[PDB]
Amino acid sequence: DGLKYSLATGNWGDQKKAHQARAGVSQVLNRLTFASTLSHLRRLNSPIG
Amino acid sequence: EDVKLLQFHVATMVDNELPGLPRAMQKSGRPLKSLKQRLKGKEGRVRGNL
DNA sequence: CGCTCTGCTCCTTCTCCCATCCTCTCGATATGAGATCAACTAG
RNA sequence: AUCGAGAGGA
DNA sequence: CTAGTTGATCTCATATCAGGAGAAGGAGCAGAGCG
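Sequences listed follow chains B and A, in order. Residue numbering for the first sequence follows PDB author numbering, starting at 442 and increasing by one per position. Residue numbering for the second sequence follows PDB author numbering, starting at 305 and increasing by one per position.
Keep in mind that the hints were calculated from the coordinates and are not lab data. Fair warning: there could be bad hints in the mix.
Stated by the list, open to error - Okay, derived cross-link-like pairs now, DSS-like style, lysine-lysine, Cα gap no bigger than 27 angstroms in a straight line:
#1 B:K445 <-> A:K346
#2 B:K445 <-> B:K458
#3 B:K458 <-> A:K346
#4 B:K445 <-> B:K457
#5 A:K331 <-> B:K457
#6 A:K308 <-> B:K445
#7 B:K445 <-> A:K344
#8 B:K458 <-> A:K331
#9 A:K340 <-> B:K458
#10 A:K340 <-> B:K445
#11 A:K331 <-> B:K445
#12 A:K337 <-> B:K458
#13 A:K340 <-> B:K457
Can you build the whole structure from these sequences, using the hints too?
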């Protein structure tokens, strides 16, 4: 359930400390077109805010 | 101790963003929405609904 | 000359704020017995 | 339905 | 008058880092001023 929750919601951390956890990890794969999918699989994020 | 707990509950009912104090929590760590937060600012009662 | 009365700057705390509007998806979120009373429900 | 999150549009 | 039946209601009991800005308080020092 820990792995399932983190991958399902994108909150990297325990379900109880969801406010503390960083969000936006583990997004839903974009399937509008093939290029969209490829770009989504090669995406980088700066957690700056 | 029970007086302290009652004071905490009342205060967090009115204001749940007090610096230093613990946050009143619903479940799964979700903090309660206090009366002050209903009116505070953007999307609040005044700016958001009047 | 001791003692007080400000008062002056300064560091600390703390509290506040951070464009508008719109669309979508996705995950999580008991039961009865006894007592009291009051309305009957009749004698 | 509510809350949050995310992705988007101008 | 006057007891018996009918509903509602309450109690009680049973387990197991890459913010910032400004205003208010307190602190310590410095001196002035008068007993």
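Quiz item: Which hint numbers doesn't this structure obey?
Solution: 1, 6, 7, 10
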